[PDB]
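For reference, the chain that follows is the form deposited in one PDB entry, supplied as structure tokens.
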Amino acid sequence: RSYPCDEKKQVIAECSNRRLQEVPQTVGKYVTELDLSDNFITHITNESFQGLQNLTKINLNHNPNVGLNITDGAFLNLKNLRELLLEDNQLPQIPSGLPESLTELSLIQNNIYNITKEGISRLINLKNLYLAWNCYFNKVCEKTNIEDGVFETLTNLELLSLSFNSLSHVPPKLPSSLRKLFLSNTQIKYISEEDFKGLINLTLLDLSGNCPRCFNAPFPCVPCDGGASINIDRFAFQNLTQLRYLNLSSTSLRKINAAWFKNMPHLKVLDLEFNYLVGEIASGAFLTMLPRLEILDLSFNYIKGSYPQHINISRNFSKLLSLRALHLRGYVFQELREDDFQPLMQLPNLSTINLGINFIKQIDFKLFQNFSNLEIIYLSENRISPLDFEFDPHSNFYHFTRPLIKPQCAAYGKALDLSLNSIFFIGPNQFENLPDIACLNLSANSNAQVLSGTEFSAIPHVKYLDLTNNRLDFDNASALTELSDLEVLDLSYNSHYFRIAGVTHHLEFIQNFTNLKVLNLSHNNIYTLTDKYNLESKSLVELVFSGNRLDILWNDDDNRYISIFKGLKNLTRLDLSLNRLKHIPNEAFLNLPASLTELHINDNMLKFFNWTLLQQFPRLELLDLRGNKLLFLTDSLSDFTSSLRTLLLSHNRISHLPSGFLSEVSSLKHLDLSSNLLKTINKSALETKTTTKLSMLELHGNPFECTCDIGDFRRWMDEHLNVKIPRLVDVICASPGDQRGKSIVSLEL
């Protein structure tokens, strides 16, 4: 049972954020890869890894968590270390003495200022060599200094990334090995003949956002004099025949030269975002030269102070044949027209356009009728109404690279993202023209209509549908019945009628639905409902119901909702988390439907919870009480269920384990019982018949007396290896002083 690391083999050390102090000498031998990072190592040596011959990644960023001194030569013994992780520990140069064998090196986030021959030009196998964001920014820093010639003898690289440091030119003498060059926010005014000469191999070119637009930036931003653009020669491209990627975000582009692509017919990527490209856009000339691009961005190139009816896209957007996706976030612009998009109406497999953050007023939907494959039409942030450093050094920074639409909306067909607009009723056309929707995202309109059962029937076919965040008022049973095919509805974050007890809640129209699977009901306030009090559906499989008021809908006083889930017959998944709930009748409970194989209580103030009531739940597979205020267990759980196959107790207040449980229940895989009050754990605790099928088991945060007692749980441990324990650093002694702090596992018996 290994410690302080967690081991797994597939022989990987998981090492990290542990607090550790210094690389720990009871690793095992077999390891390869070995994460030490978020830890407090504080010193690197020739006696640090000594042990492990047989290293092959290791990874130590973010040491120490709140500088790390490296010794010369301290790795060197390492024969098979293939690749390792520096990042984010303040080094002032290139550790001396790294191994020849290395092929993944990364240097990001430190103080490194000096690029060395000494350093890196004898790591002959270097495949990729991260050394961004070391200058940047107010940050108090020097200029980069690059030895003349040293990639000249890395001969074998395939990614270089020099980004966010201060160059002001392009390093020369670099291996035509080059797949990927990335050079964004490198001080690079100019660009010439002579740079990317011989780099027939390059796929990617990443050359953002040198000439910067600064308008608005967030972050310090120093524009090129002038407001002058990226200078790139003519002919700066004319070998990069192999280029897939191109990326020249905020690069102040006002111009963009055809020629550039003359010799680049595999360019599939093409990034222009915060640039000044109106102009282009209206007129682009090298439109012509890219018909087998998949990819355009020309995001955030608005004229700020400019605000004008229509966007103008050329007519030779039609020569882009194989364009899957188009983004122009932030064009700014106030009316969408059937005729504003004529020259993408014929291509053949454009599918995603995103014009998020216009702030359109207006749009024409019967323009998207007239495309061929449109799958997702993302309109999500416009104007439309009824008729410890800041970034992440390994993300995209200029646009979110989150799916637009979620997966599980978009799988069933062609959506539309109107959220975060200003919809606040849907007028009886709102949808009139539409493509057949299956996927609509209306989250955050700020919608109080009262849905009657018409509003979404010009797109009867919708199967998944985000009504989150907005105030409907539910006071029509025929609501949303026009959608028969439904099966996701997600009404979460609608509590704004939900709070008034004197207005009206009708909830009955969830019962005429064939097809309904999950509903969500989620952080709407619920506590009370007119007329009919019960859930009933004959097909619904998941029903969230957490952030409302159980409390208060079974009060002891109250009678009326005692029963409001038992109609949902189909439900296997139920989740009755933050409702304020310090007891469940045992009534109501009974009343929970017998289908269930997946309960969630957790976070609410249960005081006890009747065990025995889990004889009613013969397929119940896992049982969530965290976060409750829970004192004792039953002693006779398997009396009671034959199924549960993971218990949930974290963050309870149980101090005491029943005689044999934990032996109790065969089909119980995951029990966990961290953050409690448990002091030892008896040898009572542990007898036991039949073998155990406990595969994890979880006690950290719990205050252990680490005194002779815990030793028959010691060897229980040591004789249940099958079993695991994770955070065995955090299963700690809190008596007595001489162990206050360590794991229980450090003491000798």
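In this text, rigid core is short for the largest set of C-alphas that superpose within 1.5 Å between two forms. Positions refer to the first chain, counted from 1. First, how it differs from the form deposited in another entry.
The one residue among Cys214, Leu574, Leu167, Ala325 whose Cα position changes by 2 Å or more between these two forms, with the core held fixed by superposition, is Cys214.
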Given for the second form:
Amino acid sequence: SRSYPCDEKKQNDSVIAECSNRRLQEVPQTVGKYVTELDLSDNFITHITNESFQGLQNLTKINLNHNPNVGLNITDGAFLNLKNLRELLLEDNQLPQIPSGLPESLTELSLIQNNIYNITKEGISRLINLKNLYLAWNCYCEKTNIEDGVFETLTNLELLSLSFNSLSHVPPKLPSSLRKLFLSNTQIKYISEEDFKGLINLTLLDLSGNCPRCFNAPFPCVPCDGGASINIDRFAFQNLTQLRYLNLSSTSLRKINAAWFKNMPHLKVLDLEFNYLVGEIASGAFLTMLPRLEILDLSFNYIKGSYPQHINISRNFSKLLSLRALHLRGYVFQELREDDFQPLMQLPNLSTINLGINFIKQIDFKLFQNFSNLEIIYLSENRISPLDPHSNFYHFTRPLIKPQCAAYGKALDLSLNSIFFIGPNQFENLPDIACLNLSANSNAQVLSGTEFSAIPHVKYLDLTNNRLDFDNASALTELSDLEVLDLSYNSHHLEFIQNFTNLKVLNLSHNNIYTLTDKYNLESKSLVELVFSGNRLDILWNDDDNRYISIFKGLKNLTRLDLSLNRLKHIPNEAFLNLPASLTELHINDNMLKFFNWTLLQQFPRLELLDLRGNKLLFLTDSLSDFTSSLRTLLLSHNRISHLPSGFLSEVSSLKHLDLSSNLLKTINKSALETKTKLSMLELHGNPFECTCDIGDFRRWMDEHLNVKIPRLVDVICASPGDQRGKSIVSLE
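Moving on from the form deposited in one PDB entry, please list the structure of the form deposited in another entry.
Just the single chain follows, nothing else.
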């Protein structure tokens, strides 16, 4: 009952069949009839007929995106026999028109990135149950021909996306049940009062990219003739009472009419980025019309060729009583004064201030104490000195600060600034900072133990991409509550580490650590994770340089250790035995290990994950079960292992995941797989299998052991013979 070529999974009673990226030329006739969701995306399927989904009555969702993957010929009524089909996805298929004969039961239809120039009633008006319709990126053709009243019959339509299409005008006769109308980059330069007259339940209106302001756009950007903005009429939004999301990004707006928000009391998210609103930020009459706005974005609204001394924030910003996040990137100003941000100081819920990419030379950091609920202060990409069509293209969705850092408390991001050394007054008058980012600052500070005295409760410190000197034993010790220290890519004396009573995670990756002075051991009673990748452990472990045999022995509470990219060819037996006995996860991947003494794994009873990927290992052990009794995951991919030993899949019941992909395995004999096993996953793709009569012994083991899920069966290829080269091992005589 092993599924091929799809990977069947019974996720929450319904069976999902992952059949994507498998070089399938046609729809497989070996998919189980009980499946409900089929994903055949990124394949080379060229034809879709009414005999492609035979016996699949329970199919509710079909994904046929990117077919063929670098058009698709669908016949009329090809999906009509699927009475339970509620979700059809046909993105990037080069379809010349909307497929005729789609089932009435459909609710979610996505025809993004196609050659559809005409929206006719022949293929849409029959779909009365449609709730979500995506028709983006079709005319990006002089204009998209939309039949007058094509969406009128779709009385259940809640989402209509017509973005990235040459529309010129808002389509008339839209259903009153619409909640989300997407019209981004549609060449609609004028908005009339009757364009959204019958849309009283509309909660989202995206009119971005119309008369754009070209600023590093990832798609063609053509500004309006005479530098004109989108012409929104005074009474255009007078009937959108439930509107909560207004996206007016990249619309070249110079003035914001307050009359637009008179009948909009619920507006929650306003996007005014990539416009010319420096004057509107200074005066702002519209600011008094948004009492329930939580997210305001006025990013990249700068005047080209000017670098003002101060940011001009209107007093009316104090009327934004519900404000939670203020995004003010790309304003371009030299100094942030305490009086500049006075209107924002009495807002009860303002937790995020985004001031990235502003070229600010100096900030009066005392002003941040004067805020009530500030949790995130984003100041990245400034000049502070010492002492995918399914994406939001205009607003950054990713968290400004890494959630792991922000979870500790108040976060301040001063990365990518001009702090070439930590000044003596660097952190004076700052709030109780718990998360600090000083990444990529070219900071050549000689840390002595007094630099972070003004903010000593920092629990997460990011000092990556700097030239710091932490050879002093007192370095960073003033941060007694420090739990996460990130020193990656820092261009030795690691005594400072033992002074921390609550340090849990330390990252010393790519520090080029080839020598250690005085205290040759790294001690710590609280450290749980150490990242030592990108260092020179090969130099530290020599025939005469035996001083570093117990380098990580002092880390008695360590559970995760990363020793990758260390150019390790050989690991001394005494050095391996001196690793923390408390280790549960060890990574020695991407090295040049010729040999691995599996006997030494006896002194690690808690070790669950051993990662030896990307190495030159040639042989394994037949008595692996005698050494370990807890190893649940063993990753040995991209190695030179040519033979799997006898009894490898037996007596080691702890092993649930075994990775042996991209190795040199030609065959798996009966004596080697003689289990006299709780292995739920065995990876074997990318091996030069000999698909002759002796491979049938391993094939029989796959039929008897159906619980051992082997992923990527289409990639388990045969090297020999010539007649079976390029085929899967499961497809044999």
